[PDB]
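Enquirer: Given these sequences and hints, build the entire structure.
Number of protein chains: 2
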Amino acid sequence: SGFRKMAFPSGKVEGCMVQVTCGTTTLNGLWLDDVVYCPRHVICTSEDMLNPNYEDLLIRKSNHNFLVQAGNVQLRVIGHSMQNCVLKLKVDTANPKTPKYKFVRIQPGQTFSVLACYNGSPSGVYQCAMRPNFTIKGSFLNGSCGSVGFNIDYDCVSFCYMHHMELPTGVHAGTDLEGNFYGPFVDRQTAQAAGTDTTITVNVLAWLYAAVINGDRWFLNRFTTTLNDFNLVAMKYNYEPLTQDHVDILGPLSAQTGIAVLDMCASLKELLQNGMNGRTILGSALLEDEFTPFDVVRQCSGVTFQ
Amino acid sequence: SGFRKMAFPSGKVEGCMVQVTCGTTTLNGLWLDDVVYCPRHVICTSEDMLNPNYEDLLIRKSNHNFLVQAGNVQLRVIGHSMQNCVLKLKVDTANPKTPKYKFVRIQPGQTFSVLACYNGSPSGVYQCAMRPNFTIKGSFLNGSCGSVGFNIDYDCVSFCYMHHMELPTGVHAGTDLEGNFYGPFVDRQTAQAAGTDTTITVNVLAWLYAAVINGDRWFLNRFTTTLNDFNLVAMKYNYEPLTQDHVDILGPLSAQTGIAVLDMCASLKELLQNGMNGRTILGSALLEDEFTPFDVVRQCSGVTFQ
Ligand SMILES: *C(=N)[C@@H](NC(=O)[C@@H]1[C@@H]2[C@H](CN1C(=O)[C@@H](NC(=O)C(F)(F)F)C(C)(C)C)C2(C)C)c1cncc2cc(F)ccc12
Ligand SMILES: *C(=N)[C@@H](NC(=O)[C@@H]1[C@@H]2[C@H](CN1C(=O)[C@@H](NC(=O)C(F)(F)F)C(C)(C)C)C2(C)C)c1cncc2cc(F)ccc12
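Residue numbers (the entry's author numbering), protein chains in the order written: chain A, 1 to 306; chain A', 1 to 306. A prime marks a further copy of an entry chain.
To be clear, the hints were calculated from the coordinates, so they are not data collected in a lab.
Misleading hints may appear alongside valid ones.
Chain copies aren't distinguished; within one or between two, either way the pair holds.
As the list claims (entries may be wrong) - No more than 20 angstroms apart at the CA atoms, straight line, and that leaves these computed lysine to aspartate or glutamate pairs for EDC-like:
#: 1; residue 1: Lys97; residue 2: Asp245
#: 2; residue 1: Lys137; residue 2: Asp216
#: 3; residue 1: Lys88; residue 2: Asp176
#: 4; residue 1: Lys90; residue 2: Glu55
#: 5; residue 1: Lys97; residue 2: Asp155
Expert: Structure (structure tokens):
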């Protein structure tokens, strides 16, 4: 038992991280087969980054303008190109540690592990959700651009996120590995801002089920509610609507606990209207929304990866 | 910016995990050089584990009673011995992935990363503190015994914890890597129980400093307090006493924020007496005590490991 924000083991990703230098800018790259992926704003200078023009900036660069450090070993760049907001640096060595991988784009509401990196050196790993407003509440300092987010499905790494920038509220914005931003953000220094967020309802319900599995039951009640009357209540407290597909996804968790999905919604309703009255759930005094139903089945059942 | 419970990159530990089978019991082992370390209760049966007698049980075993799986590769056990509560299985192959390592025993109040493992296969990584009562609030299911806790200091893995057992409150107990239990727990099936805990005061203060660095300031005040009058207040709310050495350890964080340690104690005093009045700190509605001053300097400054 127990319940933690748990990241995937990071070793397979650690073996892909490298340092990319262009000019006086150093950031992180992802080395898979003979390509290094990194944020294209590496080619910008301080005054470039105000309103930059990346096709112009890139034609003025040469392969030798890019220094790639794999540990204490240098890699010749033998080619370069831009794909959307990432750079693809072709190098003369295939990464012998290349795992089986995929480039996937995730949905707001889904979770992933982030291997925070500086100078190509992994610093720490932690779990994030893609917020409904397409930001992530990460932990990132200067030099962390190019760090990636990922999931692991048995032996295959599905890369979903590359870090580009921190917004003024202290949340983080980036791209999928094809260089397309999550949300309405651009790799320029404008006045862009997150935009209003919502709470991920289906995830909160999944986490209430994790609590019941781990013995917290005080918030249960005999009451019930209909999907419509619940979705009424979610809308007032700035929660996302719950769909029938969310109810279906919660099926396994409902069956394991014996608590019908709509009954747990009645509990959530009461928790939203009454607060928690000084009690806690899974060590939290807030309703937690960054565990998916998958995540809960994962720790409360115990699946591994090889 | 941002602040997360962040684990160390786990790759160096992942390359050490193996599966140990003896009879019908399977658990995890740690393979360093030519030795596999694992909980000695692997040699027990269901009826053995009531009041077991390990020297007797071990002399009845042979090297071939121990099946060791390193991935899909078997390792001959060529020797076995007991050291306190762990088994040392000498195998015929040195682990080529053996990192630089140390076996260290930690203090209640310190933190570490846990690589949860099943059947020798890493499942997830997360951050824990050693509670004042020598338990850890982990996340562990059947088969997770033998999973290890660790810290990384540049390139060297300091192993501090091996998982043995779950107590009835759902917290976890185990040993250091020399086989000596943390706290008053035994690898028998008795009625043993955690025993009363306290909140780790110095860690809460470190986390308030992390909040100030990340822009939460509402809990600040001009007030001050003396160490004695604060330690008075800690004792009522079941917080550990704060020592002058704790104040010294908080020095760097005090200097970076401009908030004297004893001033932050006055803030903590008010937070304990008044609650938080519906506000949050670093996304928490509770005072968090599982980040050390080191941990805070680590994310709010950005140190890596190679
Ligand atoms: C990566 N190592 C670094 N990010 C950047 O350098 C990006 C990149 C240009 C500036 N920038 C920013 O993150 C800035 N933010 C913004 O322009 C905006 F708020 F998002 F609009 C800023 C002001 C330096 C934070 C471009 C936007 C393309 C990076 C990554 N994570 C965190 C930080 C924190 C920092 F203090 C500095 C740099 C960070
Ligand atoms: C490891 N794979 C497993 N732990 C054990 O098998 C240990 C080990 C014997 C029983 N045990 C326990 O953890 C039991 N707990 C206790 O006896 C006590 F409460 F701590 F006193 C119990 C009742 C099965 C949980 C010895 C004590 C030496 C393990 C590890 N982590 C979590 C779990 C959860 C489980 F449900 C079962 C086994 C677990």
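Enquirer: So, for every hint listed, does it hold in this structure?
Expert: Taking the hints in turn, this is what the structure says about them:
| no. | hint | in the structure |
| --- | --- | --- |
| 1 | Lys97 <-> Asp245 | neither (39 angstroms within a copy, 45 angstroms between copies) |
| 2 | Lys137 <-> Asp216 | between (27 angstroms within a copy, 15 angstroms between copies) |
| 3 | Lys88 <-> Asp176 | within (14 angstroms within a copy, 46 angstroms between copies) |
| 4 | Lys90 <-> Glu55 | within (18 angstroms within a copy, 60 angstroms between copies) |
| 5 | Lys97 <-> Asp155 | both (13 angstroms within a copy, 19 angstroms between copies) |
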